[PDB]
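There is one chain below, alone, in structure tokens, taken in the form deposited in one PDB entry.
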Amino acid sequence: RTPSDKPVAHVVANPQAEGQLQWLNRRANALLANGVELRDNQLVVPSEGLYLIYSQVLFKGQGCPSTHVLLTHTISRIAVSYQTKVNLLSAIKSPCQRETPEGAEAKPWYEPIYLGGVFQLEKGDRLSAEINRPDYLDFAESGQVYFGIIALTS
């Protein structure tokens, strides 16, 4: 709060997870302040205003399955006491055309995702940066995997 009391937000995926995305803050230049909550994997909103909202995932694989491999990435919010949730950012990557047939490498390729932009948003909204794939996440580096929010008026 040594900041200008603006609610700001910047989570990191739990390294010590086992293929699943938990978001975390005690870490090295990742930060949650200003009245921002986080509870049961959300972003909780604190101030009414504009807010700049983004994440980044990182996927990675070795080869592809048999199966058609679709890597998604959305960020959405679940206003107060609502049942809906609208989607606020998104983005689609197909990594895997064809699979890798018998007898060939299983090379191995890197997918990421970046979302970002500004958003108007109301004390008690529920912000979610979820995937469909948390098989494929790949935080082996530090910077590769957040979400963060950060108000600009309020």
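So that the term is clear: the rigid core is the largest set of C-alpha atoms that superpose within 1.5 Å between two forms. Numbering follows the first chain given and starts at 1. What changes on going to the form deposited in another entry:
- In a core superposition between the two forms, the Cα of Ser66 is the only one among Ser66, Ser90, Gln120, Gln62 shifting by 2 Å or more.
- Once you line up the core between the two forms, the Cα of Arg26 ends up 2 Å or more from where it was.
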Contents of the next structure:
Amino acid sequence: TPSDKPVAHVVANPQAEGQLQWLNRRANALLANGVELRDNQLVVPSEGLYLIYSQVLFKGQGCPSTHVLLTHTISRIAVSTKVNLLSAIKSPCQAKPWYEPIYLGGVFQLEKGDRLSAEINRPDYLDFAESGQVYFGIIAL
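Would you mind generating the form deposited in another entry now that we have the form deposited in one PDB entry?
Just the single chain follows, nothing else.
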């Protein structure tokens, strides 16, 4: 039953300047059936298939260099080394303002206790976290 299948959708906190902290947005509708947000990470409560996804927005006023490397990744940690599940790399520069989105999505086999994270490499360029478009979610199929 879909009611029993866990779900989690967290969104970046905009007031946490300089980093990418996840917050549940007081989601009392997302019937998390075990999934928890601990240490900025999602912990899987059950073994099975899960849809893991995440999106980040980057923003910059002008190009200082030409080697602006923005990356977004999703990792898994089981027995307390992290393993990358999904990753992406963008380079917007070759003061004109710019933006670059990075969405990640995939289906993976998880076991109970896994700890999923979604990390970036330039939290300074993170922006638009108040529109709900910077997110990180889990759906048990």
